[PDB]
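First comes one chain, alone, set out as C-alpha cells in the form deposited without the ligand.
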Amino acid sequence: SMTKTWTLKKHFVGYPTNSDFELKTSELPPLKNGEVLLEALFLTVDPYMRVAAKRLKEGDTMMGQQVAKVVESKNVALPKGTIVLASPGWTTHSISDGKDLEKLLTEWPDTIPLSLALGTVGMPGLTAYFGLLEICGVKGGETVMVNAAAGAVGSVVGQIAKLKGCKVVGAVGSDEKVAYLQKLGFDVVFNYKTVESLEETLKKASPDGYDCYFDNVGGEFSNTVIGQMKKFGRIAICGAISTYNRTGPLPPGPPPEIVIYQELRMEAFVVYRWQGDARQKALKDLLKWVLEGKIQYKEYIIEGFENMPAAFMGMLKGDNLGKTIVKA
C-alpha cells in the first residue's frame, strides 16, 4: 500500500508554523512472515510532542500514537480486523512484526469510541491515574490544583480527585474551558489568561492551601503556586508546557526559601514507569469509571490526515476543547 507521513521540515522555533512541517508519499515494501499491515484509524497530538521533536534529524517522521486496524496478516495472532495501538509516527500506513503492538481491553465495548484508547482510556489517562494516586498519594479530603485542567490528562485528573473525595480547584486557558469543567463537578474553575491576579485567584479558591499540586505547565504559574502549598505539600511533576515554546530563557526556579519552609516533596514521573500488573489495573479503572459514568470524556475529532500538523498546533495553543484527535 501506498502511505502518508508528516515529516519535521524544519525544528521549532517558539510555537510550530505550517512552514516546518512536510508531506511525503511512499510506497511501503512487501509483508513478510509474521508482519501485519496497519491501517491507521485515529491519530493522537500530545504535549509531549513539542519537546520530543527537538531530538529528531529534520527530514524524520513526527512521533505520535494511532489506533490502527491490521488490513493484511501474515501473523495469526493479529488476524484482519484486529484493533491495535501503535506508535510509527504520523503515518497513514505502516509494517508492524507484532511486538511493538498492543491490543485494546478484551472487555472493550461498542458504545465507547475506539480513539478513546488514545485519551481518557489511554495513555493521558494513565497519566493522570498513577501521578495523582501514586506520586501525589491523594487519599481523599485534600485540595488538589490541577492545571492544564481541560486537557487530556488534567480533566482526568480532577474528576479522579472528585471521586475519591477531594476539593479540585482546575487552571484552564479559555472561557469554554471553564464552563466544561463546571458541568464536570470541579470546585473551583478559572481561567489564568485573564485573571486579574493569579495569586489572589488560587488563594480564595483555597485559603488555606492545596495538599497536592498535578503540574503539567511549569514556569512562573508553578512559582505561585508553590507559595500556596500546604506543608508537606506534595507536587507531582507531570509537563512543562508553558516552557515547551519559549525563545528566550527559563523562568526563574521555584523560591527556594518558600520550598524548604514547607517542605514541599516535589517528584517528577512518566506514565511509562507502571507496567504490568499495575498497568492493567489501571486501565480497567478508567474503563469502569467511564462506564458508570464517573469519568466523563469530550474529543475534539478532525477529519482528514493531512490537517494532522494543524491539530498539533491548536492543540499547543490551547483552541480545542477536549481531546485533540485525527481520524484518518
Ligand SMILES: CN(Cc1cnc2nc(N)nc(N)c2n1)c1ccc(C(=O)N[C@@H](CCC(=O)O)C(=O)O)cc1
The other form holds:
There are 2 protein chains.
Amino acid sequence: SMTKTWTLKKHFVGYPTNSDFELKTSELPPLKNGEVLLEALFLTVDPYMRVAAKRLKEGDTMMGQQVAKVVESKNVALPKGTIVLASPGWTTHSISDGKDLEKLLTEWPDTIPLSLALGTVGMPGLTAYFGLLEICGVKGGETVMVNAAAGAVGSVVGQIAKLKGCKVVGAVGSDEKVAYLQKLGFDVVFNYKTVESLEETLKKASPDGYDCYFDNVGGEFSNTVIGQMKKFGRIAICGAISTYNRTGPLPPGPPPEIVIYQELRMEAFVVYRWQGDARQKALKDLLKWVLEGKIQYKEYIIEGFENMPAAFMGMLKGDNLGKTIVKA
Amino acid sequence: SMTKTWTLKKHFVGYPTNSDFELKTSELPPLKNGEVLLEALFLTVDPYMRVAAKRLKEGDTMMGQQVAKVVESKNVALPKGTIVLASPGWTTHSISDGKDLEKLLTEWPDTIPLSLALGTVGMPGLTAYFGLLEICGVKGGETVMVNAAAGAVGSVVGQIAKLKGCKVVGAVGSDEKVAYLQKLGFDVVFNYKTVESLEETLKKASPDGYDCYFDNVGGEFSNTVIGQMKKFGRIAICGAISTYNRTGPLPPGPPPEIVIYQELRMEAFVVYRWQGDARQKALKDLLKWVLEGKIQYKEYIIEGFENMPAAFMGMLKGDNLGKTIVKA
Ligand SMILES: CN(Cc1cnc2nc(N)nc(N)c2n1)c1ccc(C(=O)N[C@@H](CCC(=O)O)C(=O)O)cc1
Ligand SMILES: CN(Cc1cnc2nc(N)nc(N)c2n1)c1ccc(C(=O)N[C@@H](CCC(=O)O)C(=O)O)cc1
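Output the structure of the form solved in complex with the ligand; the preceding block shows the form deposited without the ligand.
Let us now look at the entire complex, which starts with that chain.
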C-alpha cells in the first residue's frame, strides 16, 4: 500500500519551524510471512522528540508512537482488526514483524478514547506513576511541587498525588491551564509566566517547604524550587523542557550550598526502566483510576496527518490544552 | 588562664588573605563546677570553613575542631590528662561543660598520631566512609571518580574503594599529590591543573565511564564527569570546593539531557547524618584499616597556632601534601 511519512529535513535550531519537516510519499513492499501492515489511527507528539531528533540524520523519519490497527496480516497472533501500540515514527502506514508491538490492555473499554493509550493511560501516565511513587517515593501527606502541570505527565502526577493524600502545587504557562487544573483538585495553581515573583508565589503556596519535586522543566525554575525543599527532599528529574530549544548555554546550576545543607536526593529516570509485571500493574492502576473518576483527562485532537508538524510545534509552545494527539 | 583566638576581621573575597584574620588574646573565666579547661594540641583547617565563614559576623571566632587535653578539671568524668575532640573554634584554650565533647575511641593506640582523629580516623574519614559506601553504594567492581583526592576525604575514599575491590580514578592539584595517591593504590591519578583536556584524561582513565562519583569540587569539573557517568551512575555530593573561593557568577548546571538519558542518582550528604552505633562502627572500621595498612595516611603538620591562617590558605590552594593540621 501507500504511506505518508514526516522526515527531518533540517536539524532544529531553537524552536522547530515548518521548513524543518518534509512529507514524503512512498510505496511499501508486500507483506512477508510473519509480518503485518499497520494503519495509524492516532499518533502522538511529545517533548522528548525535540531532544531525540538531534540524534537523527537529516532525511530520517521523526520518531514517535501511535495507536494502529492491523489491516493486512501474515501473522496469526495479530489478525486483521487487532489494535496495537507501535513506534514506526511519524508515518500513516508501516510494516512490522510483530515483535516490536504491544497490544492494549485486554480490559480496555469503549467508554474512553483509544487515544488515551498514548496519554494518561499510556507512557505519559506511566511516567507520572513511577516518577512519583518510586523516584519521589511519596507515602502520604507530602507537599509535592510539579511544574508543566497541565501536560499529560504533570496533570497525572498531581492527581495520583491527591488520591494518595498529598498536597499539590502546580505551575503552568497560561491562565486557561490554571482553571483547568483547579477542576482537577490541585491545592494551588499559578501561571509562572505572569506571577510577579516565583519565589514569593512558591513560599506563599507552601511556607512549610516542599517534600517532593516532580521536575519536567529544569533551568532557573528548578533553582528556585530547590531553595524551598525540605531536608532530605526528593527530586524526580523527568524532563528539562525549558532547555530543549536553547540556543545559548545552560543557566546556572542550583546553589550547591543549599543542596548539601538540605542533603537533597535528585534522581533522573525514563519510563522504560520498568517493564514486565511492574509496567503492566501500573497500566491497570491508571485505567482503574480513570474509570473511577479519580484521574480525569483532556485531549487536544488535531485532524490530519499533514498537520503533525504543526501539532508538534504547538505542543512544545504549550499552546494546546490537554494531550496533543493527531488523528490520521 | 589566658587564650589566643583567631577571628574573622573581614569577609573573604575569593581566596582569603592574611589581612582577613585578626588574632586576639583574652582571659578565660574561672572553672565552674562540672567544667574543664581544654588546651589545644592539634587544630584542623578544612574546606568547609570557607563556606561557613560567610555566615559569621566580623569579629567572630573562626569555627573548627581540635584535639585537646584537659589541663584543669572540676568534672570527675573528664580528669586531668584526658584527650578529647572539641570544637571551640580556632583558639588555644577553652572551657567546656563536657556535653559538647567527644572522647577518642577506647581502643585508640599509641602507635598513631593523635592528629589522625581530625583526619583519616576523624570527620574527613567518616565523610569518605558514609559517602562512598552508603551514598554511592559501591558493591565491588565499580569504577569510582574522586576529586580533591589527596585530602583526607578523597584519600580515604580511594583506599576504601581499593579494599572493597573497585577501580579508582583520582584528580589532584599538584604533581607531588599525584605521586602520593599512586603509592596509596589509586589505579589512575592525574593533575587537573596541567592536563591538556579534562574530558580526554577522564576518558582514558575509564573509557567505559564511571559508576560512582564522589564529588568534593562541583562546577565545571563535575559537568565533565557527569558526561562520562554510566547509566544509573550515582553521585555523592559532598562538597563544591571549586565554588567556595569563586569570584564570578556560578557555572552552568549539568546538561540535563545527559542526566536524564543516563538516569543518574545524585544525593548530597553531611557526615552528621550518621550518629550513634553507625558512626562509632565506622570509626572503628577506619581505625582497623589504618592499623592493618589498608589505609595509609599523610599529615602536613604546621607548627605554631600563629600560623593557622597561613595553614588554612595553603590548604585551600592545594599547597600542602597530606591533611593540614596545626600543632599548637
Ligand atoms: C514514551 N515516553 C517515554 C520516553 C521518555 N523519554 C524518551 N527520551 C528519548 N530520547 N527517547 C524516547 N523514546 C523517550 N521515551 C514518553 C512520552 C511522552 C512523555 C511526555 O512528557 N509527554 C508530554 C506531552 C505533552 C502534550 O502533548 O501536551 C507530557 O508532558 O505529558 C514522556 C515520556
Ligand atoms: C567535620 N566535617 C564535617 C562537616 C562538613 N561540612 C560542614 N559544613 C559546615 N558548614 N559546618 C560544619 N561543621 C561542617 N562539618 C568535615 C571536616 C573536614 C572535611 C574535609 O573535606 N576536609 C578536607 C581537608 C583537606 C586538607 O586538610 O588537606 C579533606 O578533603 O580531607 C569534611 C567534613
